[PDB]
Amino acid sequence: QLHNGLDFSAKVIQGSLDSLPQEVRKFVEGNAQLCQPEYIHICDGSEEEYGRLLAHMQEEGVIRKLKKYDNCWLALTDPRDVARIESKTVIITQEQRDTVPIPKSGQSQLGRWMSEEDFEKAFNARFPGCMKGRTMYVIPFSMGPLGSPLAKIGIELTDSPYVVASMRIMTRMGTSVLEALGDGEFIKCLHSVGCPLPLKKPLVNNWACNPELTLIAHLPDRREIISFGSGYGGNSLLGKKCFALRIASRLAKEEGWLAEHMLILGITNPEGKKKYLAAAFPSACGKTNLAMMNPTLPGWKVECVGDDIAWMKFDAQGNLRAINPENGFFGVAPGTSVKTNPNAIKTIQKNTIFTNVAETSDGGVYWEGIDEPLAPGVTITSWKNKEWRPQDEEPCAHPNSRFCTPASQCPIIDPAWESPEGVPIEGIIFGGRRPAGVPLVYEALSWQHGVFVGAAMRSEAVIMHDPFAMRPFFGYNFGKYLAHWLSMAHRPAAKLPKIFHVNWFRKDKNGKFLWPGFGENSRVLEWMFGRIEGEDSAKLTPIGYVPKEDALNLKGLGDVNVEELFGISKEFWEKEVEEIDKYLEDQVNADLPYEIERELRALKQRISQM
């Protein structure tokens, strides 16, 4: 430099620009030049850093300590900033069609593209000087076990201490990640709450955000994630959805692997034989519930590898190896009870950050569906910081409120949850909320049919399409994604996992659920287990294999309505197939793999013959 305006060394309050890898320093310094932070804090990932940052946020009123628990915290946000906003979530590529198929109707439900040109304008409208008066935190994080050949590293720059704290839980972060990275490639993650000081607008609930300018951008060819205006969850914790789904799915396409919205669980039978299963459900269908299920069948054990995302790659032996890229659970809080999820309740008792849940007068947490009586006299403060009663119109916790907890604390965390080589997947489970027509469980007829079943997934929010549970998350053209899945069948040695589809939520003719669910879902898993083992416990139907008469263990369940629960009606499925046909033609069109259209034609024909 000729002057003093490019070297940010004097601004570093922890760490050293001289200690960073070359490309890390350039990423850090270049963005400091643009965003103009008062300070640069290079995170070390220490407990000391963590505790002090927590106490600082506490003193500022950004978070509250929950006194009932061990080292637990509560953040209440500005009500404008409570969730991911897909309309403000975009992927930038040279051509639109690389990001999304071109829909015949004109409006895509499979993603949202922005031109390079439009993003540049948006970027320039947002980031210059955006961190004035704030600390820029530098988060070196690994997605996956540090030593895993399947793990990927990112650097996230942020002006939110809430993000730092949450990222510590959700990823492996700190000095060891920088040491592991060296001069290797990393995903560039830039985040700002978009409120430079002095504040131009009112600070609501001590929660910095810029709703009008909120934009969550992905530049896969630049390996960059750029997010502005939201401090919340999947908008700000850049490793989770942005990196481990959107960027990663593109990388996976390029490199021969898969990045998927799937839980990973290990299940052991009463004979000591263990299998790993993956399952993709929409974000309201019992995913965390299944991942840390407490099975009701004697002698069965379920252990949790991950509850949200899976990175999967065939090894030289042909086994589909999976890792959980995350280091914690960012779970939806309402609906979590000792009934629905006893192991979740146990996990979140300590070292856990809660966001937008209710607080009890004795320093505890509360939300809809917690199904836990309070002592008389104990009162509730809602997520809106106001007195609340169980009979009031509005809920005490926001529907998208969250716990943010360490994975290592789950009482049934799998002993291989951090194994570098990953765990061998033997089955993949798709599923949704369908009150009618769709059986409790069926098995895909082939890999190609299995990919179709994934592609055809629909779930009651109105029943909407959500293929592979990836609708908000495709890093690239969904048709190409289908092609990618299909190509797995053409590599020699590959042991293709059996594919199943589940529906826990089928109802009778008056609104009553047909299946008790929760821990009883172990009875369905047992069937899958046996089918993987090659047992003839199946009956052929037009939609795939279903359990034979008496194949399902229904002991202790009373009078289960088997005929309704597993009923398949021509009328319903004629409608179903036409709807899938119209959806795929519109939304995928020219990019629809031949094999998928073939499976569609085949299903239609099987239905026509019943």
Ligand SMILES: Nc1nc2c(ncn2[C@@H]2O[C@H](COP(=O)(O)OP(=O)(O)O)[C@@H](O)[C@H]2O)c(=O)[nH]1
The other form holds:
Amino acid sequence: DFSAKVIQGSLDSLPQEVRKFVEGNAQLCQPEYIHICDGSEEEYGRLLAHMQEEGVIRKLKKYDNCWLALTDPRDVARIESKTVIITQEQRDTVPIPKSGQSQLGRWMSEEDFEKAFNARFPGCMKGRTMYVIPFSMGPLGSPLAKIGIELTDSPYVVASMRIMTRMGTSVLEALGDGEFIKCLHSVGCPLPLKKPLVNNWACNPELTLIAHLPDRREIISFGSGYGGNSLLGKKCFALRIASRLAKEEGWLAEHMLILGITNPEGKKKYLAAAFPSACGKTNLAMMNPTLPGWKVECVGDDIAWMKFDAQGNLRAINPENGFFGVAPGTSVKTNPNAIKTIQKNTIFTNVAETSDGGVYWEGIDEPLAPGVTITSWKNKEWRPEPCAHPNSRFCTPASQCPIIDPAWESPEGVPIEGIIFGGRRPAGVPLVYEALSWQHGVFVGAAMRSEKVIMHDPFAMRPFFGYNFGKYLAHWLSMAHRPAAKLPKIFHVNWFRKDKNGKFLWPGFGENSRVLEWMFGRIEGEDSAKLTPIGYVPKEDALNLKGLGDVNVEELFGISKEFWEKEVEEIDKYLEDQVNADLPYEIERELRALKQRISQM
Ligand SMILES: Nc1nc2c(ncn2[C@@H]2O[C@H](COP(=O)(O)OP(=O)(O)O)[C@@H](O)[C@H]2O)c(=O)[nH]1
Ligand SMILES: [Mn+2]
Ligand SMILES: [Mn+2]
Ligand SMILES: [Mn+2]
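Having seen the form deposited without this ligand, can you show the form deposited with this ligand bound?
Let's see the whole complex now, leading with the same chain.
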């Protein structure tokens, strides 16, 4: 009975399966104390203050309740090399690649994982508090939401989980005897410390291992205190575990923003968009449009859970409660309404701080006053190496977004009418095109490539598939064999085409409102499209380009046979090597069709 060690809550208060999970791991990890989180502002403020006194975070004097954490530099980002999925058979997790090295995931046997686990977790929380974090991915009471319990020895994880998920006692009461995902996390630094603690940031990079066990409904993560390694809702649950749950249960879990868009006659539409990291999801989800009369409202900027309802609409919820955005590059110009979002109640990690107690990063586009001096993310004075680590983050509540859609917490989700794919392509790929069918659109997602190297990132999910990517494609195709399904139109965009001198052909940012209106009108059925080998593109003058000056539209939409011949050959060899026997017939057929259309142009 670990009851004697409970310093907040009680083990008798917990659903019985939750108690077994806490007590079983308390016996293994041997924490000094067990703190069952209630989600209250009191608990949150007191924990931040404790971390402040211990030197784990600093208060940002300038802002209302904002905080800065600087990590050990060895613990600065997700490590795909150390991120694994455990299943009986490797092929259920990744297609067996012809070449022998899969780019589509990382499998570990159950035997190898048991060994790794036993080498890590016994005694790992000695001298530390085990925090029990009950949380909901999605609005409380939503039929699309799912519940997890995270055990962690990191107060930084507790505070960040309060922002990024719905957390606390209300979640426990709603859970009852229902099912939940078991999330176990340890920074891997029992006390007394065996190694020196760097930057007062507990970390264990040599034993870092982020493991997913879909068949046991468990995520087990060790040795990292950072971001997606430790906030186990952020990706481990939201994409890897959930995409397997989604396959079994008939829905989709995707690396997509969700935004609502309204035309000047009051008609709203919701779009989802899958871009890879650093290709502009957050910017587009919080866009300030440049075109009069248009309104963009943010539902989510990173994760979408989507399920066809009984009437055939694709209903999407944002299962997150906040935004864990990349800070560098965020500015007045590029994302003014992210700037509004983060100036209160926000945790920053690995960005710089100004003399006046503010935040600073590359691309912030903010002249400071003469005299204002800057301290780097490595806690050293800095003069124009970057000031902020490139993967530095803000962690902010979504409720604060000045354009948060009124339905962003609606338990039924919002109806998705268009899905957008895209990434960074400096050559060959036009600004926008539309897929010819659902099957072709799935192929477009599967073929996605993104930027001195161009790499495949199908569906923007390369690091996050919870199971075999060929079966994932089959799952997407199966949505069409579902009577009533109102299959959304699929588009592919490229903000990043360059001319021969390396300059961006498209100014982008809020000017992407001009591409979104075109998509709006195609969903409406407007005849604004010209058929091409890769799909539909906007007709002559269909795109509203007034105010933009003389955009060089010839090259921005130029489709070159020689380029697309190379593209389709590259895609064929990629899918053959990496997907092989698990490539669905329909995707191979779309590939043959594209190759044939290209050969005839
Ligand atoms: N050229 C151009 N750059 C963009 C655009 N949108 C975003 N970016 C840049 O892409 C980088 C990453 O953007 P972010 O929204 O954090 O992408 P995310 O990490 O995929 O959500 C930022 O430095 C932006 O300045 C655009 O429309 N055009
Ligand atoms: Mn620190
Ligand atoms: Mn983002
Ligand atoms: Mn089919």
